[PDB]
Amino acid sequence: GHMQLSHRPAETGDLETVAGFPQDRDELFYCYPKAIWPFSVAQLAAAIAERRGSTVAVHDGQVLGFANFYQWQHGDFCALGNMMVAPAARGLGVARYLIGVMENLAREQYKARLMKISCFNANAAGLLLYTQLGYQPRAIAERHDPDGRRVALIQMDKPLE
């Protein structure tokens, strides 16, 4: 970089790339808690079919980020999920960029007034990023990780404009 980011809807040809993004069971859990390790293109595709707005971010010809909505409620809110970033491109602004693109889509396509993001407690980088982007914590929910251990899901939101 400097980063020259663009975006477009995800395509089947991007699946293998994106499914390569989670580097360990923790990372997969944070972005897709219902997935099973190891991740696969079939699991990623099954998410995409269940969700809306699956979008990739591109720089220098490489797909470096992916996101979608897992909830969408017209005139109300969307909730962002599957936020994934290529391991060679962490900390370079890819998630920031894609979250802004997703906010625009939630406003424009769903007339959303609010974006919800939920982030697991262990993901400090995620919690600090969403904080920088104007998200505020609203609640904490209990969830369980694949080892049956109790984790805290921090439920955040942000008004859209």
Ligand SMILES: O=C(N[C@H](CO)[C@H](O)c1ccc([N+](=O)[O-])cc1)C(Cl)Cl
Given for the second form:
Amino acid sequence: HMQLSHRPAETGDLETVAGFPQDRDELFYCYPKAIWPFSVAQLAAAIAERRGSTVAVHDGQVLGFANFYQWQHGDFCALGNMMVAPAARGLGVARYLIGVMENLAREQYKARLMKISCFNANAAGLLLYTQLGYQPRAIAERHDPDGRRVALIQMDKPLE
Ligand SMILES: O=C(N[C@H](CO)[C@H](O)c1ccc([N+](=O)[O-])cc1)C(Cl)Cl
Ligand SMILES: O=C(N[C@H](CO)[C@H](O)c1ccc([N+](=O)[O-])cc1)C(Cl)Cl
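Pass me the form deposited with ligand CLM bound as well; I've looked at the form deposited without ligand CLM already.
After this comes the whole thing, all chains and molecules, with the earlier chain placed first.
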């Protein structure tokens, strides 16, 4: 059914990907420095500051997006901006794209570790990363757009 492929993100993908977050909570989980409503400009700003922006495609549709927000050659990468089209949630897109990013971190950055940080309210993410072999290492305090304290669960996984 799901026949996923991947390639580097392109300008022509921005409007699609900027359509993915469906509410302020979803935007905060995947891009906590963004301001609702999301926009192509905000997405392009991230892409410029980051590395490895990659889309996942199925049946001619861009269904996922991810990048690295930290990269340290021979050391680790940290995954962020993981977004999935609302019509394709729970179909394997995030897990597919995390595997692609793991490979890119190993191959291009010679990373030994991938870091993922997940906000506490994002249960789906915490469970998914757990299923993929990520372990929690620390919890950091952050604040949401209403000034409320949230917990950022910092996880990692050795790259094999
Ligand atoms: O789907 C969710 N989380 C996934 C888990 O991998 C991920 O964190 C995510 C976050 C934002 C998003 N988006 O805004 O399009 C999509 C997936 C929760 Cl919003 Cl239920
Ligand atoms: O700033 C620009 N380009 C950079 C890369 O040089 C990047 O693509 C970017 C785009 C939009 C942006 N924004 O509007 O926040 C920030 C950076 C153009 Cl607006 Cl000139």
